[PDB]
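The complex is shown incomplete by one protein chain, all other protein chains being positioned as in the whole.
In this document, chain identifiers A and B correspond to the written order of the chains, with residue numbering beginning at 1 in each.
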Amino acid sequence: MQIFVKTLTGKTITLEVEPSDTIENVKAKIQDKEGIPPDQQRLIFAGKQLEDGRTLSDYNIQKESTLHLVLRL
Amino acid sequence: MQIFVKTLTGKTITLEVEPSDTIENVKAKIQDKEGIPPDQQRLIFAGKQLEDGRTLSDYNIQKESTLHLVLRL
Partner (left out) sequence: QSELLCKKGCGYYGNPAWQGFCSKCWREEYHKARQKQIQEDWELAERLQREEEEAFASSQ
């Protein structure tokens, strides 16, 4: 499936994922494209910050779903 | 991957295997460690005795899976 990660600075990363993929692995995928390290990444979906050891399916992230990315400092 | 073979006498052999490995080859691996010949080995998984010409994948033996070993007489 495919989901989207919108930055606050006018970038929409398009990821190739599976419902079984861990949040941690999704943040690795973002690294593959954007070069941002996983520990410098906050992911948001439906008002929650996404927890590393949980999966997309745990949050009901389906086809087309859109998350947000905030950088840690 | 890694699977475990528990004896009835307080030994747990830890094997290094692939899903493609044949039961026969797994019994060769046990020989490498324990010196027990393949034809003196009964392997058990999920209530079945494991057939020599079949593979780990045929029985759905995955990561961490635990079989048992009975000696033939």
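The rule is simple: a contact is a pair of C-beta atoms (placed from the backbone, for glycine too) under 8 Å apart; a residue touches a chain by one contact, two chains touch by 3 or more.
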Q: Have a look at B:35, B:47 or B:53 and name the one touching the chain we're not showing.
A: B:47
Q | Touching residue (missing chain; options A:11, A:33, A:42 or A:54) | A | A:54
Q | Missing-chain contacts mapped onto chain B | A | 6, 8, 42, 44-47, 49, 64-73
**Q.** Absent chain, residues of chain A that touch it
**A.** 19-20, 22, 53-55, 57-60
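Quick note on the criterion: only the chains that are shown with their structure count from here on.
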Q: Averaged over CA atoms, how far is the centre of chain A from the centre of chain B? Could you give it in whole Å?
A: 41
